[PDB]
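Presented as structure tokens, the chain that follows is alone, the form deposited without the DNA.
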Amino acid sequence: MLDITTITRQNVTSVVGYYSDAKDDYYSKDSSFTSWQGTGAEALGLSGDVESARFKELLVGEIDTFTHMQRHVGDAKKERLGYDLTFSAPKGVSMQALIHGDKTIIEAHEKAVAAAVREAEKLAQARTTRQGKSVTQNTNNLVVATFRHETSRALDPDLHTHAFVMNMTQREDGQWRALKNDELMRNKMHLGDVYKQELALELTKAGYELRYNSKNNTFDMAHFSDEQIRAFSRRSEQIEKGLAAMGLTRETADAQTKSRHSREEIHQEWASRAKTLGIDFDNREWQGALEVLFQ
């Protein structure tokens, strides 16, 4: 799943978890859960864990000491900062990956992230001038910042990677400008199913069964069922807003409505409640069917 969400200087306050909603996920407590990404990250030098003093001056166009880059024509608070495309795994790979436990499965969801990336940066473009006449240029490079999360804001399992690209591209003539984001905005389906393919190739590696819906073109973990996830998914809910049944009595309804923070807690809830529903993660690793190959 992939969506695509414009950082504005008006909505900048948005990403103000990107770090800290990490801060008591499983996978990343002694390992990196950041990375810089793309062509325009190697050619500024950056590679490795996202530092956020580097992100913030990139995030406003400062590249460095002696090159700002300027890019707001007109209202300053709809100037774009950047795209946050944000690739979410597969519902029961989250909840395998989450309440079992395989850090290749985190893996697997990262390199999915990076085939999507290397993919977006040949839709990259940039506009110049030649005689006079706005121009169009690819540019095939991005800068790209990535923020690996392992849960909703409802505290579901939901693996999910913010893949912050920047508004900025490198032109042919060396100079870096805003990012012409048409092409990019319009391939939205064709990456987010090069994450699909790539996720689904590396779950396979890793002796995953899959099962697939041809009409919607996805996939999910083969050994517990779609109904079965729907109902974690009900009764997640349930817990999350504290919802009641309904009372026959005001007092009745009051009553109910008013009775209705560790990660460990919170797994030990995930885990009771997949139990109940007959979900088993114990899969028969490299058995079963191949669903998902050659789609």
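Positions refer to the first chain, counted from 1. We call the rigid core the largest set of C-alpha positions that still match within 1.5 Å between the two forms. First, how it differs from the form solved in complex with the DNA.
- No residue of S52, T252, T67, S47 other than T252 has its CA displaced by 2 Å or more between these two forms when the core is superposed.
- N141: CA moves less than 2 Å between these two forms after rigid-core fitting.
- Comparing the forms between these two forms on their rigid core, the Cα displacement of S225 reaches 2 Å or more.
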Given for the second form:
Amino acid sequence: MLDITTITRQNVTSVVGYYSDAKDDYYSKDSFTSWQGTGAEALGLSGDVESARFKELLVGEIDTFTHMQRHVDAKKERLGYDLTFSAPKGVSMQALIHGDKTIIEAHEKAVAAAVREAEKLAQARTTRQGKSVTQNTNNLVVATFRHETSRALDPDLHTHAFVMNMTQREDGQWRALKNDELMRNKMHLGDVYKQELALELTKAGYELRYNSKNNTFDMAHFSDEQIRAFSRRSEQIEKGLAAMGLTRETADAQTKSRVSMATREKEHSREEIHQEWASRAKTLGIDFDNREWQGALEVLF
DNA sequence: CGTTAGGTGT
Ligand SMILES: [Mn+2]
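Moving from the form deposited without the DNA to the form solved in complex with the DNA:
Every chain and every other molecule in the complex is listed next, the one we just looked at coming first.
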């Protein structure tokens, strides 16, 4: 389950929360950031993501000697690509309300696996014989940010895998990515994440259910209504489209994406949110004690 | 500065 958002100088204010949104989270200190990608290795980046270096690379400052010029209108300058890997809602509820670190490890492994596959799609433009050509570079600079809450204050385990708009070419020059291949492969990269996550959840003893219509899975001990109760943003987007005389099918991803920000809302202690999750789960009659190594293995092969 | 397009909705 992957979403791709292009971060430009116009909408860069959507990143203000990469660090603050994780404070007092359940598993943020065991941390919530990591440098990934062979490109990051080349730049000597590893471990936790420091805000100083992140902001430098965001604007194209690779070092004091090298600054990229990715504009011709700087307002439309592309700074990176937010690759958001979200876990299934039921998976989030079990990991965050009941509490199972094993699910956090699976999500991080599935994200790391998905980032590695994405690297095989990195492309850049050179010039040969006066003509412009395209080459495969096989390196990306990725800073991941793991969050536990949605904009509607629901449990939503997801990681922002921020891909800088830079790739090192064969000649050593750092240049802007040719994103075409990455955009076309959104669903494939989500499948890599889903496949790894499902395999790890199965090894942990969770019964999963499969939806062949949209090629997704989730926990099998949650009803379609119990999951809906913790999916307020999806409801807000459906109500938003309904106001436009549209449904999730009649609407295009172009408009549906804008309904997310337009419906998006802008102070509550994390202690309050967590307790609210438990009580609500108790109101719905949810029993989280369901890691018992049972089920018919619906998401096996 | 176009291009992707599970709804859980980044
Ligand atoms: Mn987030």
